[PDB]
Amino acid sequence: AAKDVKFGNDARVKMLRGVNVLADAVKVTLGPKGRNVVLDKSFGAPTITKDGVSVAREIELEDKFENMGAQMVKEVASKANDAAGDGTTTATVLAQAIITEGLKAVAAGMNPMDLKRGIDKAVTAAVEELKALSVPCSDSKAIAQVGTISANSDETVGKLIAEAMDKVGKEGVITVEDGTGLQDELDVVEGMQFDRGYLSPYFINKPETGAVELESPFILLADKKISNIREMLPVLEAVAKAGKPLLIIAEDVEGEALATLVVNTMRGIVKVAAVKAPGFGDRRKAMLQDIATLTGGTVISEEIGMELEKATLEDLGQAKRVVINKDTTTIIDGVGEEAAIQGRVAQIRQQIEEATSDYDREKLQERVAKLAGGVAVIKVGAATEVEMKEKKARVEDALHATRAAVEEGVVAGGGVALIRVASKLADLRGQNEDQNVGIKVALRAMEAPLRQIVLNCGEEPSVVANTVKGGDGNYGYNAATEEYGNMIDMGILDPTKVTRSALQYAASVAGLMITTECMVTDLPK
Amino acid sequence: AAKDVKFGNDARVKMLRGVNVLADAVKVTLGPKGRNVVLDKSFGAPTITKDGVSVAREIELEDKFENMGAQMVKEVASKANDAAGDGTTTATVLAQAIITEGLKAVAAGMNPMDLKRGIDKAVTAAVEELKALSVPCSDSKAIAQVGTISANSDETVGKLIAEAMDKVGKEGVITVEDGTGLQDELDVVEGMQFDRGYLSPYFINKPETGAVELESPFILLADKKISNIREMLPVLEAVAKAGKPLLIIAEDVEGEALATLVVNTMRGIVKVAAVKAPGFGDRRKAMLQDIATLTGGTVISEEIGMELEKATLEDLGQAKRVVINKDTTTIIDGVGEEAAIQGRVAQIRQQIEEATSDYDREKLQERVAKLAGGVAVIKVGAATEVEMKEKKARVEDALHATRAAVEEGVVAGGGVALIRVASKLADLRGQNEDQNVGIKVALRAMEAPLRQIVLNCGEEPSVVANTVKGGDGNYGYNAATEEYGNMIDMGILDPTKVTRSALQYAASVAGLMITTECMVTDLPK
Amino acid sequence: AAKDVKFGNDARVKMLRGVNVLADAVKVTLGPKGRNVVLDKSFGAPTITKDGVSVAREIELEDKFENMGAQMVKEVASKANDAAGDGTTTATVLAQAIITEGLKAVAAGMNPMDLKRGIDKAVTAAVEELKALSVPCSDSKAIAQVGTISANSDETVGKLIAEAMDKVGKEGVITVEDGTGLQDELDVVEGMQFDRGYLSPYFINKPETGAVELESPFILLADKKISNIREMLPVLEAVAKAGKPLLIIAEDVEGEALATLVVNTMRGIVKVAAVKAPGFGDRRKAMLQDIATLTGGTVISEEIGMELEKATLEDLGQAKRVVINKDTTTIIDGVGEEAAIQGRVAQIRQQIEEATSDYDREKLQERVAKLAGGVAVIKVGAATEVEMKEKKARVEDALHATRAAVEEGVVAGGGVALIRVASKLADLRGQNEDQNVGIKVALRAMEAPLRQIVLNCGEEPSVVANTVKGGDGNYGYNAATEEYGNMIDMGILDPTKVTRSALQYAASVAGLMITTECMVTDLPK
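Protein chains in written order, with my numbering: chain A, 47 to 571; chain B, 47 to 571; chain C, 47 to 571.
Treat the hints with caution; some may be incorrect.
[Stated by the list, open to error] Covered stretches of chain A (chain B as the covering partner; in silico rule of three or more C-beta atoms under 8 angstroms from a C-beta of chain B):
| hint | region |
| --- | --- |
| 1 | 116-125 |
| 2 | 145-159 |
| 3 | 180-194 |
| 4 | 372-383 |
[Unchecked claim] Just a few of them, taken from the derived set where beta-carbon distance is under 7 angstroms, the chain B residues facing chain C:
| hint | residue |
| --- | --- |
| 5 | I315 |
| 6 | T376 |
| 7 | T513 |
Everything labelled a hint here was simulated from the structure, so no lab data went into it. Even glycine gets a Cβ: it sits at the ideal position worked out from N, Cα and C.
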């Protein structure tokens, strides 16, 4: 259709206004004295939340240009939460800060490209300074402390996570499930996890987590692409009876076929969910088999001349529970016989011997680790269905936090790590004055989080920022107690990874917007 | 319906405004310091791109006359990218330049026809001057260098392309595919390629490339036109089962029949794609047979009295992969027996002997070259599905660039070749003063690309243009390093063919618009 | 009345717009390729002029805030012309440049006060650099060259001015008058000149020069302030008859009395003009007497008990011609007896002996220099009343130019001195970044004059500016011949004083505007 095209300054102010609505809406929730945001609902009572992510999801503006602005930072900011399980709100306020000043410099006639180079240079320096400030979290004692802090001071959760990582390693698969009732349970079972999300939402039956959860599902492994859903009918009908959900793991499930699955499972007849097979090329055919052996299923490939129409329930794999993400699938408690699974592991370990390469070797180790490592299952305690669901949430979060802390350590939270890191780059310079401004723009932005946190407390940002900068190390401002001291000792910290991702992702979208000269959108007509 | 008819000056200003929106939106991306353009989407997050072609595709104006202006240059500009795999954006800014000044001359009362003659004379002169400036790219050493520069300094790609051309000649068929995983692979298989694109989009299952890609497809060769899709049913049902895609190569597939194919393959039942048989007349019946032998299929012609209803899967040809373009079809790895294929080649080679003509001789050689030459298949390396897809893209582009460089050489990029070439035509004259103005209009326009590139860098076009014109040879301005020197040595160049096509195509649509006196479009009602 | 009060940014944009109308209207006349500006008249034919000063005088804007903007630079810019007889237009374009960028920096959030300090620092540096660049003009050979260049290459004028300065010194009083017909005449007569302008316009009878010119006037010297014009009547009636103009030199002439004088001389009855007595305190009573002796008049002071009512024509002084300026009064050819005048000089020279101070000594020398020095009278040649009036104008201008050149030398005109001077201050720095921006703002502005001159020629400013900056010394661009070379040798120069004043006055009003936060004006109601 006819488009409305905006340029330079007009385009920029629109974007600015868009992110201002987004950021302004979200940042009110930042910090321990964060405010409530009321999100309306089509039917029922409004939602009252302090969850910056929930607010961000609801933001859509009427002005198409302003909306594009909001949707852009809204998008990369979410990339942060995906990478470290936290930081979107931070990334959002950081973005507003860089963009606001960056755009001012542009309007003042400064070179957009040089401004961007400066911001980027400052960010790289800052990330290094961040690694230096970072404190390790390698032993279970630390792992537990961090988990406890994440679970809102619940030593139980901290303990659980530490025990779980002790069982499968701090890089091992760990899942959480509702408990059988009062008292937690930690079990390691035959399972696996690969990087492939649902082939479309709709399959999502747990919107709170935006996840697909199947119970006692069959598993169809097909080494091919599915176009004509007719091929499936005979098998789907079989799965229809037996009343069990079905997970389709194919090379791919195309539009129409996928549409059929969504519609039909949505009508109660047959519950299905599909995801692409892990990896590509040859390591794909191999992994598809691993899952088969792990779940006791039979891979159905055209090469050998097998057909889907002739596939029976006996060809299907099986597991007690599968969980599908926006980009992850995890199979829990596969039926596969330990004899076959363990034997399969043996075959792969010889491959590693006969391995005439390091790459081919690393890939084989990855597979055994999956097949042999299993899956740690944390079953959250209870005493009333409500508390049980609430604790399960804290555990899930504490888990993501701990996982990140184990990868890159921790740093002073409350936004002081960022302001501390910037205070050290006071002499960072670029190749020209525009680049210098860019650097100052970024460093100045790194104070946004703290300042916002302080503003929410009803205090004076300039003063607290001034004082935190005055000290060094992990000396900061505890927004909760409204007292200064060592942020780590006071137990106020963020995984170095979350702060890093928030900053890099913010700096990314900000740099893109600052170097945008034209916007195209449909005419409001 | 009732039309709105505009004339002379009114019609012209409308067109000018239309191309100004187009060009202005697209040219911001030009050069190494090109800016981002944000393209909105109906669902999801906006697209942020620096790809002039992507932006152009989205441009459609509300004012019908202004829109016709945009669609016109938008159309011939794309012809450039088709001819040399690059240059649309350049063509677009060149068109804005010629049109803007050309229209000024017209409003000043100058003769449109003489202005056009002058522009054309200047362009012809410029293209010759361009050939002179051109440096050859005939040996694999050069082929590799160019490919490397196109792949963004990836010697790997350069090497691959050079090896591929060494295998099938620099005028041979070369295709790229996803690899089996880490490490590239170059294979020559039985294949062929003819000049016939898809019989309609929709078949397109790879919009990124606007191509049709079928895997392990059957191939129906029918020496006739298909009207009643009923004739097909028996065969389509057969292809329906077996679950394999089908490529229809007929004399033509008419409206309704074609419609049916699109609808049904879009519903998952049977994947089809059709294209016209190569060539016309008698050399058509021959080529249709070559494909048959190459793919082990049987041509179905009415002449011999064969019927489509009685055609079985066994009559169908077969290949591992076929790729259809906007105007090209390439068959990869045909099943045809080497005994039959090679024997077929023998028959055609005797034809060349018994050839009582040069034309008839050239046509026969073309056929054997296709049948005997095969197809070089480059399988892009890997290590993660993402990097693999990204490298595959660079290879595909590098390939188009190298192919063009092999045909006509290279010249100083960054827009300096054009400005250099124009600096030499300072004395070019026409038959009258109007024609002289036309010549100056074109020469002046040839500076648009460089000037724009410089403007995007935040520098002064007048000065850089002035300096580049002051020197000679391939002395220019490296927009990346923002330093002067030899453009070729600094490795900043464009295939002479891309610069030539960009200019000729721009000059074409510009000449047409300058000589337009009336515009007709539907009433906005 | 009720006021309309504007603040910060709103106030600033208004001012900017106001000076933009002013500067934009005036700068089109700058340089040898200056354009014409058409100024309308209430009755008659429009005025077509290339005189930046004439255009400036006519500029008054409808929007009160925008108007205040224009009136401010319009005001200090004229101060330049007053100080060096030239430079208002330059000062105006310089002001637009500094203000435009200065305001941008402010909107970008930079400190107005620091920006102002930087501009000022750069200007001080630039004025010193200007003195260095300056070439002396001390001997009559130079004096003549400069005058010739100012008179538009008329060696005659140059010769005249040189002869005149040789007669009374280069710091002596020189006046120009219409000639007796063909062939110039240079004569030195008894006369004097002091720093006191007309007590109000209206007296002005030569608007072209904004001057008051009386022929064979009487001169009333009254050492008192005149309130009741009644005191005058007896004397005015006496001057009424005799039909001679009258110059009133009193301590002051108050409103009503002054009003009466304007009205009555405007009705044809008695021509009068009044100005304040020179100096103040005691040196005032002395100087008043000098004028008396020089003009053969009697000072009328109340101290001695004299009354104005009892003053007769015999008490009045007399001279052949007096010329009154906006702030200068010069008496030409006083009737005073040489015996009395020369004797008076003797008395003052003994004062210098008995002088017990350097100050008191300097003041006494000043007086004798006036009394003893006399006044050089240049009577412009002729051959037709028209040419005579036109030459008289060139002489008057050439005179002002030469006078200034004799005081501070000359520098490369065509705007190159300013751009040259700035090219040397590339490393000038302040105390903080804001101050540095200020310095760059000023240096950048110093290019405005040249750039504008080049733009009027239809050339590319960026290029010519780039080239002039590339060289050194007085190497510049001759806008007339449109060729580079030594500006002084090519005879294109400006008195160092004019360039200095233009820059300092521009920088002054610009600094004031940049540091303005509130504007108050009457409501348009």
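Quick rundown of the hints versus the structure:
no.: 1; hint: 116-125; result: holds (count 4)
no.: 2; hint: 145-159; result: holds (count 3)
no.: 3; hint: 180-194; result: violated (count 0)
no.: 4; hint: 372-383; result: violated (count 0)
no.: 5; hint: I315; result: violated, 63 angstroms
no.: 6; hint: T376; result: violated, 51 angstroms
no.: 7; hint: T513; result: violated, 9 angstroms
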